[PDB]
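Below: the structure, in structure tokens.
All protein chains but one are shown at their positions in the complex.
Note that the chains take the letters A, B and C in the order they are written out, and that residue 1 is the start of every chain.
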Amino acid sequence: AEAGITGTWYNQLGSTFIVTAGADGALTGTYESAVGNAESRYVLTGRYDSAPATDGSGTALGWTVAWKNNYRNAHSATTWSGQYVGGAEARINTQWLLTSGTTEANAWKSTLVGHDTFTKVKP
Amino acid sequence: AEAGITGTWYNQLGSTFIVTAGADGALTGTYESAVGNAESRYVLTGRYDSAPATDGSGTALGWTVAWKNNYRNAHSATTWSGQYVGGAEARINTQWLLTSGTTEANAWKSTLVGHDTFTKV
Amino acid sequence: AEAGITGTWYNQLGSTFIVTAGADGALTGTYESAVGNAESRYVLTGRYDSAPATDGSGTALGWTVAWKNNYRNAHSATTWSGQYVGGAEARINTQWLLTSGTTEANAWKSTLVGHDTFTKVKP
Partner (left out) sequence: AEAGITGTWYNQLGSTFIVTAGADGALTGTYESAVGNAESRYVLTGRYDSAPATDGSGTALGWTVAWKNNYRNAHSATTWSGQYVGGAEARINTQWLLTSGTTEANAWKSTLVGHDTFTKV
């Protein structure tokens, strides 16, 4: 649900995710990573599927971060795809793809794959 | 580097991707899939890394589509991560993750992975 | 190391992995899954990279299971790619790809991706 998703979240690496979910299925915010060629905050945009099902199914969603801001430019972008599971201990479980810009010759090694679990800090 | 990302692209399944790239890294537009539990257009939002880097590399980017619109709601979302290579034949080469909302019991099989190549042809 | 890998392992879903690592970099055994279109044991074969590094790096390895035996035929195969981290609480952390045989038309939805963590039962 938008209200359930809106908030501050942290994952197992110690990275920060601040997001706002709008009535139209939109997600906007900033992300701070604890690892990598990154520093300060980066803007993020995504979408969430606003009418889930009733039942004890998760809400599917996804968002993107291009790793460029006023301080660093890493020439990469990461996308996270997953589901939001609410309750008293709400979580967002995801799998992600991190693509770096390469020459055609090294494109075979341009994408890393992983998984992150986020915990909401409420309050 | 960045540049002719704006436009109408098509992939090997016959899907249509219409996007506008803003000067500060944002991507907005609509997507229509030729397959799956989907019909008509859906809203997409993403980001690209303008630099990009001299050693003729691609420009990294990504975007998301939540499969809900006024015709269907498939309770899923797809994210595409890849890079744009411009030139005579411009291409956007991606890998995607399609997650459906499931119950805990079925969470082990909630995500499909695949790859799509887009051209303006 | 071969001795460190050889044994019985279980993952978060409650599935069983029995393996033997040979001196030549080989892995052979049986796998029993707690979920899916599966029943009884299935044969597995894989390889492990025998001379890791000294250091506190993991040993990379991978194995495959075709889901066909005398009782069921699911027309699928799963491959697990990951690393073995030994110590007192040894673990094998992986990401997997499960491909089902399809017609050309539905090949776009033939592969599922996930991650499993295995814990060794010693003794």
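Heads up, the rule we're going with is that contacts are C-beta pairs under 8 Å (C-beta built on N, C-alpha and C of every residue); 3 or more make two chains touch, one makes a residue touch a chain.
Among the chains on display, the ones the left-out chain touches in the entire complex are A, B, C.
Of the listed positions C:12, C:57 or C:119, the one in contact with the omitted chain in the full complex is C:57. In the complete complex, the hidden chain is touched by one of C:13, C:34, C:35 or C:43, namely C:43. On the side of subunit A, the interface with the absent chain consists of residues 13, 35-36, 97-98, 108-109, 111-114, using the contact rule stated above. Panel shows subunit B; residues 95, 113-115 of it touch the chain omitted from the view. Listed here are the subunit C residues that touch the chain not shown: 24-26, 43-53, 55-68, 73-83, 85, 93-104, 107, 110-111, 113.
Basically, only the chains that are shown with their structure count from here on.
Note: centroid distance subunit A to subunit C, computed from Cα atoms, is 29 Å. Along subunit B, residues 97-98, 111, 113 each make contact with two or more other chains.
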